[PDB]
Amino acid sequence: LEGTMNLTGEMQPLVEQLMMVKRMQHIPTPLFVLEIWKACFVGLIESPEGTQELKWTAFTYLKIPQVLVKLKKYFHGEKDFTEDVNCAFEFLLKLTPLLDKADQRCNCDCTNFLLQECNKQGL
Amino acid sequence: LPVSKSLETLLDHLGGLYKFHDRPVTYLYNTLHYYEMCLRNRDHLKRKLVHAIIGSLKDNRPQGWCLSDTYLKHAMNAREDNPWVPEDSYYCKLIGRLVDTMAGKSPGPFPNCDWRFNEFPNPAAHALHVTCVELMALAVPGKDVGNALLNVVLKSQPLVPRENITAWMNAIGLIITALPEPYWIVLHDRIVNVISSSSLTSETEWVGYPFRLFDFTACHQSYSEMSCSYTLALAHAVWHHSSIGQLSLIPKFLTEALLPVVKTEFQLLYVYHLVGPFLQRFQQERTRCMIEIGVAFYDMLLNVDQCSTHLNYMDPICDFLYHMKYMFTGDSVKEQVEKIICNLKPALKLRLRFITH
Amino acid sequence: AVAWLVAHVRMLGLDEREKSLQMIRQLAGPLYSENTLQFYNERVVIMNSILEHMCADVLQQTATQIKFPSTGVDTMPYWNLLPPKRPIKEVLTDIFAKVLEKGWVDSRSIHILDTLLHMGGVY
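The listed protein sequences correspond, in order, to chains A, B and C. Each residue of the first sequence is one higher than the one before, starting from 250 at the first, in the authors' numbering. Each residue of the second sequence is one higher than the one before, starting from 978 at the first, in the authors' numbering. Each residue of the third sequence is one higher than the one before, starting from 618 at the first, in the authors' numbering.
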């Protein structure tokens, strides 16, 4: 919803909502990060047809400043996004056919994903 | 064989006589069943006999067969070179030809003359002889054909869709079940060598939760499309459409291959999700192999209990085994399991205490 | 063009004499006959056409078929997509009964949800 309906408003409204739903539910950092990444990758694949993918990719690369701000603010001194992010990536990299279809949609997203992964090395 | 050269030219003489009837499917199935382990002597000459057996298919004129034209284009020159480059796409189109026989233009160019002899009480036999003869001229069939056919799902291709994936699994199960023994023998190795042992055990994952992962239709979303679930769904479809006589190979398969390849518990859960629903199909008439599958499950349970730290996902397993004994076997496996259940852990013992009745 | 689409959606226009002028205005007929130096005779024209096509969509539905002024690769992906003569209680029939199984919110269906919300009533 935050991706399709809107694109602006990034002070921390989506951050606040994600935190709030994180409190009152099962809140593992691995599961939370896999969930945000799965919602980030299920878009850009089935939703866009033409010029919408150019916005889906901008959303996928705006998602990581959001998770960076979240790591800076939400978590502090308890698995400081060094171990849990890796566990979630392993929790994500296990599902290969999803990433295969994602690369097949853009037809060049394999190397693009390789760059987006080292792009997420800011956190 | 060597007298086989006698009718190699005879089919060129009386090849027109076959313009009346045509059943080469059984003639080839009865040939590649157990001879395939030594069929290379016949296949080096099938390098030529591909143009002889094709005499029956060439001695017609319906003008409804479409992919047969591509097969001819690739098999009428360089009999070992042409159909080999686009193998994946070729198999995808070949099985799409059958999977579209339920929604697309099914009563169109294919069935005619006169819809009562059009080979349409069942159209699957159209894509059987092709799969056979296209590579019977080579030494490839038996292990690579069936595996490459199965490789159209887990190795997703841009020509394979994602909506009717269950219909495509049905098509695979219907195509594979009719091929002879070596073709559908792939499933056992495809399960054991890769699925149960890809890593799946030490690198298990935070994925650990089995029940959501194994069962298909979890690929309703683009997520949870793990390559191990694909094989489980495909094995389900195959065992379902082939649930006539090829199920007699599962007891020896389990009690010979699956024992020293299982150490953890979700491997046992995968074996359960494999051989669970077909227990009623077995109990229908094959009442013998029931006790063998039961004692195989018990032995796998002992093997995982002897090597494990904590058994957490065993609570549904207890009632699974309960109902499996209650509504399928009764008291027939009792003498065999009395000396087997005792070597378990105290928790599992306290749970399955009621089995002693 | 936008102002008089607004004017036509307010007036009757039963003779549809305004559409005959709007089509000629939006028409890409003049291939820069006059030597008007712009450096974007094709790009600016395509931009103007796809911009005009973004508006005047609901209007051309209340009248004869659109004159196809855009002439682009793909049209706008997001629209009503609501059946002509069908009751609004279709969320339970098709949308919600599917999302209960299809548990990723069906990014194409979220627009249907928003349209139904602001077309009916929150209560």
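A few of these clues could be false.
Result set (BS3-like, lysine-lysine): computed pairs, CA atoms no more than 27 angstroms apart in a straight line [said to hold, decoys possible]:
hint: 1; chain 1: C; residue 1: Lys715; chain 2: A; residue 2: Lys271
hint: 2; chain 1: B; residue 1: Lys1082; chain 2: B; residue 2: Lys1120
hint: 3; chain 1: C; residue 1: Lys636; chain 2: C; residue 2: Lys684
hint: 4; chain 1: A; residue 1: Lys350; chain 2: C; residue 2: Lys719
hint: 5; chain 1: A; residue 1: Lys350; chain 2: C; residue 2: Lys715
hint: 6; chain 1: A; residue 1: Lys343; chain 2: A; residue 2: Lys271
hint: 7; chain 1: A; residue 1: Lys328; chain 2: A; residue 2: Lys312
hint: 8; chain 1: B; residue 1: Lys1035; chain 2: B; residue 2: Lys1082
hint: 9; chain 1: C; residue 1: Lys636; chain 2: A; residue 2: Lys304
hint: 10; chain 1: B; residue 1: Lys1132; chain 2: B; residue 2: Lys1025
hint: 11; chain 1: C; residue 1: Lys719; chain 2: A; residue 2: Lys343
hint: 12; chain 1: B; residue 1: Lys1240; chain 2: A; residue 2: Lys343
hint: 13; chain 1: A; residue 1: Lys350; chain 2: A; residue 2: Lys369
hint: 14; chain 1: A; residue 1: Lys350; chain 2: B; residue 2: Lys1132
hint: 15; chain 1: B; residue 1: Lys982; chain 2: A; residue 2: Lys350
hint: 16; chain 1: A; residue 1: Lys322; chain 2: A; residue 2: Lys287
hint: 17; chain 1: A; residue 1: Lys312; chain 2: C; residue 2: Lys636
hint: 18; chain 1: A; residue 1: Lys304; chain 2: A; residue 2: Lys328
hint: 19; chain 1: B; residue 1: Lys1240; chain 2: B; residue 2: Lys1322
hint: 20; chain 1: B; residue 1: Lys1025; chain 2: B; residue 2: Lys996
hint: 21; chain 1: A; residue 1: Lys369; chain 2: A; residue 2: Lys343
hint: 22; chain 1: A; residue 1: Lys321; chain 2: A; residue 2: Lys369
hint: 23; chain 1: A; residue 1: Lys287; chain 2: B; residue 2: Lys1132
hint: 24; chain 1: A; residue 1: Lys271; chain 2: C; residue 2: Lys719
hint: 25; chain 1: A; residue 1: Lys287; chain 2: C; residue 2: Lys636
hint: 26; chain 1: A; residue 1: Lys343; chain 2: B; residue 2: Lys1132
hint: 27; chain 1: B; residue 1: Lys1120; chain 2: B; residue 2: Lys1229
hint: 28; chain 1: B; residue 1: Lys982; chain 2: B; residue 2: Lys1035
hint: 29; chain 1: A; residue 1: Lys287; chain 2: A; residue 2: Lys350
hint: 30; chain 1: B; residue 1: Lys982; chain 2: B; residue 2: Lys1025
hint: 31; chain 1: C; residue 1: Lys719; chain 2: A; residue 2: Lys287
hint: 32; chain 1: B; residue 1: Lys1082; chain 2: B; residue 2: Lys1050
hint: 33; chain 1: C; residue 1: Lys719; chain 2: B; residue 2: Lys1132
hint: 34; chain 1: A; residue 1: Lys271; chain 2: A; residue 2: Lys322
What the hints contain is simulated information worked out from the structure, not anything from laboratory work.
These are the hints, each one checked on the structure:
1. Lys715/C / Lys271/A: 26 angstroms, holds
2. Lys1082/B / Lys1120/B: 33 angstroms, violated
3. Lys636/C / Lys684/C: This hinted pair holds, its Cα atoms lying about 9 angstroms apart.
4. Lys350/A / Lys719/C: 18 angstroms, holds
5. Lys350/A / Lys715/C: 23 angstroms, holds
6. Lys343/A / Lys271/A: 24 angstroms, holds
7. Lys328/A / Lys312/A: 20 angstroms, holds
8. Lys1035/B / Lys1082/B: This hinted pair holds, its Cα atoms lying about 24 angstroms apart.
9. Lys636/C / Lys304/A: 34 angstroms, violated
10. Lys1132/B / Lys1025/B: 33 angstroms, violated
11. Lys719/C / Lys343/A: 22 angstroms, holds
12. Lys1240/B / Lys343/A: Distance ~21 angstroms between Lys1240/B and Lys343/A Cα, so the pair holds.
13. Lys350/A / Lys369/A: This hinted pair holds, its Cα atoms lying about 21 angstroms apart.
14. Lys350/A / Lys1132/B: The given pair, whose Cα atoms are some 10 angstroms apart, holds under the 27 angstroms limit.
15. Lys982/B / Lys350/A: 50 angstroms, violated
16. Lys322/A / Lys287/A: Since the Cα atoms of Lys322/A and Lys287/A sit roughly 22 angstroms apart, the hinted pair holds (cutoff 27 angstroms).
17. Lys312/A / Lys636/C: 45 angstroms, violated
18. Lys304/A / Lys328/A: 32 angstroms, violated
19. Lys1240/B / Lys1322/B: Cα-Cα ~15 angstroms, so holds.
20. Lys1025/B / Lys996/B: OK: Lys1025/B and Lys996/B at ~22 angstroms, within 27 angstroms.
21. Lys369/A / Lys343/A: 18 angstroms, holds
22. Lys321/A / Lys369/A: 15 angstroms, holds
23. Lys287/A / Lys1132/B: Given that 27 angstroms is the threshold and the Cα spacing comes to 21 angstroms, the pair holds.
24. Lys271/A / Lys719/C: 22 angstroms, holds
25. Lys287/A / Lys636/C: Given pair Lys287/A, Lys636/C is violated - Cα atoms ~47 angstroms apart, limit 27 angstroms.
26. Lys343/A / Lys1132/B: Judged against 27 angstroms, a Cα distance of about 15 angstroms means the pair holds.
27. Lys1120/B / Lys1229/B: Holds, because 20 angstroms separates the two Cα atoms, which is no more than 27 angstroms.
28. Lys982/B / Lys1035/B: Given pair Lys982/B, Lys1035/B holds - Cα atoms ~20 angstroms apart, limit 27 angstroms.
29. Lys287/A / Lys350/A: Cα-Cα ~13 angstroms, so holds.
30. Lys982/B / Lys1025/B: Holds, at roughly 10 angstroms.
31. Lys719/C / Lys287/A: Answer holds: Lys719/C to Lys287/A is near 15 angstroms, not above 27 angstroms.
32. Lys1082/B / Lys1050/B: It holds: about 24 angstroms lies between the C-alpha atoms, which stays within 27 angstroms.
33. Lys719/C / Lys1132/B: 24 angstroms, holds
34. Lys271/A / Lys322/A: The hint holds at about 14 angstroms.
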